[PDB]
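S.K.: The residues making up each chain are set out below.
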Amino acid sequence: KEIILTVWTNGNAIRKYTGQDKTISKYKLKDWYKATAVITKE
Amino acid sequence: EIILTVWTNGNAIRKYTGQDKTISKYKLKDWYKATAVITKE
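Listed in order, the protein sequences are those of chains A and B.
Under my numbering, the first residue of the first sequence is numbered 379, with each subsequent residue one higher.
Under my numbering, the first residue of the second sequence is numbered 247, with each subsequent residue one higher.
Calculated from the structure, these hints are not laboratory results.
All residues carry an ideal CB built from backbone N, CA and C; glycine is no exception.
Heads up, some of the hints might be wrong.
Said to hold, decoys possible - Derived pair list, reagent style DSSO-like, types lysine-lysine, alpha-carbon separation capped at 27 Å:
(1) B:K286 with B:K261
(2) A:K408 with B:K261
(3) B:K261 with A:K412
Unchecked claim - Residues on chain B that point at chain A, a partial pick, calculated with CB under 7 Å:
(4) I259
(5) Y278
(6) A282
Modelling step: build the complete structure from the supplied sequences, incorporating the hints.
M.R.: Structure (structure tokens):
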């Protein structure tokens, strides 16, 4: 079975998306972005 | 798009670094090694 999880990742590390891009700051991380993960257990 | 090996329980997720290769005789019930297809935006 597959799990679809919205993630906050930089291509290497990865975390669950909790709204990291929902900031009032003028700045943001260069390498990190919001993405969708299709997770398949091996 | 990238294909990452991850350590996750279906809710929280981390990059897989061999978290399941421990000396303990116990393991987390819900966590497992998985393949994650990451699609930007």
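S.K.: Holds or violated: is there a CB of chain A closer than 7 Å to the CB of B:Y278?
M.R.: 5 Å, holds
S.K.: Tell me if the straight-line CA distance from B:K286 to B:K261 falls inside 27 Å.
M.R.: Holds. B:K286 to B:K261 sits at ~17 Å (cutoff 27 Å).
S.K.: Checking hints one by one. Is B:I259 an interface residue toward chain A, by the C-beta closer than 7 Å rule?
M.R.: For B:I259, the interface hint holds, since the closest Cβ of chain A sits about 6 Å away, which is under 7 Å.
S.K.: Straight-line Cα separation of A:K408 and B:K261 no greater than 27 Å?
M.R.: Measuring from Cα to Cα gives roughly 19 Å; hence the hint holds.
S.K.: Do the alpha carbons of B:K261 and A:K412 lie within 27 Å of each other, as the hint requires?
M.R.: Roughly 16 Å separates the two Cα atoms, so the pair holds.
S.K.: Given a cut of 7 Å on the nearest C-beta pair, is the interface hint for B:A282 held or broken against chain A?
M.R.: Status holds, d = 4 Å.
This entry satisfies every hint, going by the numbered hints stated previously.
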